[PDB]
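Trainee: Using the sequences provided together with the hints, build the complete structure.
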Amino acid sequence: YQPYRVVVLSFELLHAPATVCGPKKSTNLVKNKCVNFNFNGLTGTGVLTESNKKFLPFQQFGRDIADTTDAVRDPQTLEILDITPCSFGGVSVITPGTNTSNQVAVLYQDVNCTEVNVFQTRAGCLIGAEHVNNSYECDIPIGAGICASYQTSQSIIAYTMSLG
Amino acid sequence: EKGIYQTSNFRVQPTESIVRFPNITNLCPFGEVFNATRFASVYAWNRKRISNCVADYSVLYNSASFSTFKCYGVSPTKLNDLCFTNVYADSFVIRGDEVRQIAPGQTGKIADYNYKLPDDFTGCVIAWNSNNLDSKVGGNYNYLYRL
Amino acid sequence: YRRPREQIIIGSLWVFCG
Amino acid sequence: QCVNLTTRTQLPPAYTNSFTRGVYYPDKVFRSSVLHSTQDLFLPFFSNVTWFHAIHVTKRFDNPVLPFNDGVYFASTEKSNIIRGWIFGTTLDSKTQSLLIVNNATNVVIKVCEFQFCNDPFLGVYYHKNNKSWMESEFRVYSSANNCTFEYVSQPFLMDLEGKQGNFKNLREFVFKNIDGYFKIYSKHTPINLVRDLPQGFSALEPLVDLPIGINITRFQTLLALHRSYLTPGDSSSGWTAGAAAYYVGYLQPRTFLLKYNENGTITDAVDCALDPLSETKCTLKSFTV
Amino acid sequence: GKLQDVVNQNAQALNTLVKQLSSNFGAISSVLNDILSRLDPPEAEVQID
Ligand SMILES: *[C@@H]1O[C@H](CO)[C@@H](O)[C@H](O)[C@H]1NC(C)=O
Ligand SMILES: *[C@@H]1O[C@H](CO)[C@@H](O)[C@H](O)[C@H]1NC(C)=O
Ligand SMILES: *[C@@H]1O[C@H](CO)[C@@H](O)[C@H](O)[C@H]1NC(C)=O
Ligand SMILES: *[C@@H]1O[C@H](CO)[C@@H](O)[C@H](O)[C@H]1NC(C)=O
Ligand SMILES: *[C@@H]1O[C@H](CO)[C@@H](O)[C@H](O)[C@H]1NC(C)=O
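Protein chains in written order, with the entry's author numbering: chain S, 505 to 620, 641 to 676, 689 to 700; chain G, 309 to 455; chain R, 1 to 18; chain D, 14 to 70, 76 to 308; chain A, 946 to 994.
Derived from the structure by calculation, the hints contain no laboratory data.
Just so you know, not all the hints are guaranteed correct.
As the list claims (entries may be wrong) - BS3-like cross-link-like pairs, simulated, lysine-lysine; straight-line CA separation at most 27 Å: (1) D:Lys-278 <-> A:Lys-964; (2) A:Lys-964 <-> D:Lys-41; (3) D:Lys-129 <-> S:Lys-557; (4) A:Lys-947 <-> D:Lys-304.
Mentor: If you want it as structure tokens, here you go:
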């Protein structure tokens with residue numbers, strides 16, 4: 505016979521705006537790291553960094569010419585951050601003939617490979653081949669005027697190819 | 309043979325997952341309906357409209373201050389992130405033996421003549437002891453229910 | 001009252017009528 | 014206490030041309046130094062818009083009931099803030115939900131209730147004798163409010179509320195839309211110095227507030243502020259004057275526009291792709307210079 | 946104009962290739978994560994196809 509204070513909760517959807525909603529979570533901000541971002545209405549991957557854009561007060565999203573997300577406003581802070589796609593590229597194996605040697609050099613194309641001897645070039649960066657100041661004819665083309673060859689007790693060298 | 313061949317596609321993997329949501333400030337007035345000093349009678353149960361606010365059912369589920377927490381049509385741990393157009397909160401006083409009759413498909417004096425739930429009723433029910441507040445020395449006669 | 005199913009998706013057809 | 018207003022002279026409304034007006038931001042996306050083509054409800058360039066006038070001189079006080087097809091572009095060339103708010107709905111007989119927006123002398127009121135609107139709703143501003151100032155003294159908008167679904171009141175503030183005898187010096191623009199139960203309002207204020215006619219130039223209306231309402235918005239009605247004083251004796255039906263006030267009404271249509279964004283992300287120009295063949299060339303080439 | 950037209954043609958081809966990623970092609974949505982999260986794999990397989 506003890507009195508019980510009861511509450512009855514009813515929920516329904518009337519093909520109407522979701523006036524009532526529940527929160528999921530929130531995390532601390534991370535910059536200069538390839539992360540999977542979640543925001544008010546977009547999800548994806550990319551590298552977030554401090555920007556210098558001029559978003560309007562009512563605007564929250566950024567789009568480039570090709571209609572790809574560029575910058576996103578922070579929901580909890582009046583700060584706007586550019587989104588740079590996480591680095592990617594092709595992996596090219598530079599080798600002489602297998603009958604010559606088994607030493608190979610690897611070219612990570614179009615990446616600043618401080619993120620991946642090591643030689644940085646305009647076609648990516650060449651790992652496994654040493655850079656020399658001499659100039660020869662092009663044996664194995666790499667790009668941007670750089671060629672590689674199996675010369676000098690032997691290794692793979694990277695030089696600027698000589699026109700003649 | 310001697311030459312350069314493309315073999316793979318290098319790409320940096322994401323280190324971790326980051327989630328950012330807007331500041332929680334438009335909290336629903338659940339603290340008032342659940343802690344009201346006085347409540348309406350069984351036959352004149354009041355209906356409270358809750359809308360245009362953010363609701364937190366996780367704290368209510370983990371509050372551990374409610375004797376009975378039964379959900380119909382939805383899991384108690386699944387509606388935390390789910391959204392509804394309108395929220396209805398009906399609160400009244402029910403006898404200890406009558407608390408089991410507040411459910412869809414039930415039959416009884418209060419169920420049939422005071423408050424009838426739909427056969428396809430959805431939501432959750434809240435119930436907790438109130439003998440230390442709704443009972444007084446000499447008898448409390450402020451609650452009316454139809455017979 | 002009882003409402004058509006085309007208008008309510010999640011909730012029950014029955015609505016407040018007191 | 015709903016009342017009727019008599020001694021009103023009915024005249025055909027004037028018409029004015031929209032010289033590149035009614036352009037608003039279609040979304041909350043920032044774009045810099047690009048040209049974007051959007052298919053949204055816009056006000057067509059160089060279109061006749063109904064002109065409503067209010068003056069005494076004649077007893078001109080225009081506030082009819084106007085349809086709501088898909089959207090409304092609202093302007094107000096005012097010097098003393100006479101036009102205050104708007105009332106929406108379908109029947110206004112308490113059987114259907116109605117939307118009400120009023121900026122009274124204290125707060126702006128936005129609410130949705132099944133109001134029983136009066137035949138001729140208005141706001142009464144009276145020049146009291148105790149103090150030499152103008153302020154609201156009557157509230158004759160609706161009659162009853164059985165139930166309410168939404169109601170919002172902003173922070174208190176004050177306005178001049180004085181009937182300046184000069185010329186129009188402020189321009190207020192508004193766009194109202196409703197899709198999938200979302201009531202959206204855009205607005206912008208531009209300083210002007212003119213007597214009549216809609217000013218030239220370009221202006222992009224930034225978003226103001228979004229209202230999730232979900233009704234049947236069949237039509238709407240506008241409101242004004244009435245001047246009443248002992249200098250014009252009379253009853254509640256004739257003892258009143260409207261003052262120097264004017265506003266325009268323009269309807270939105272589904273059109274395709276080529277929006278131009280500057281370096282800082284502000285819309286600076288636009289092209290109506292269905293105006294003339296030159297605009298068709300501009301839209302097809304996605305450029306402003308051909 | 947010859948060199949400029951070559952550059953313009955290649956740029957237009959690349960831009961159209963990029964913009965073709967925002968098309969539904971009869972699917973529910975162009976975003977792959979959206980269709981992955983909204984629906985279960987056994988039914989979303991046809992949209993992904
Ligand atoms: C959101 O809440 C945090 C909590 O301290 C606060 O620091 C922050 O300023 C809030 N956001 C805004 C925009 O004020
Ligand atoms: C590559 O990274 C180095 C840092 O080691 C930096 O100095 C250089 O500017 C970067 N180059 C490019 C093209 O980003
Ligand atoms: C090439 O010459 C530069 C200076 O011109 C020097 O810094 C570098 O060490 C030289 N490298 C080799 C492999 O000789
Ligand atoms: C105003 O006049 C109209 C004309 O028919 C009438 O229907 C309405 O009831 C009147 N209202 C008042 C308040 O006199
Ligand atoms: C954009 O903002 C900068 C910041 O001062 C300003 O110098 C420039 O004139 C602006 N561009 C306009 C107004 O078109």
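Trainee: Taken at face value, is the distance from the CA of D:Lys-304 to the CA of A:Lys-947 at most 27 Å?
Mentor: holds, 22 Å
Trainee: Given the hinted pair A:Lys-964 and D:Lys-41, is their Cα-Cα distance within 27 Å?
Mentor: Distance ~20 Å between A:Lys-964 and D:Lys-41 Cα, so the pair holds.
Trainee: Is the Cα-Cα distance between D:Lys-129 and S:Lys-557 27 Å or less?
Mentor: violated, 37 Å
Trainee: Are the Cα positions of D:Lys-278 and A:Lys-964 separated by 27 Å at most?
Mentor: Given pair D:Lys-278, A:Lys-964 holds - Cα atoms ~19 Å apart, limit 27 Å.
Of the hints listed earlier, the one the structure fails to meet is number 3.
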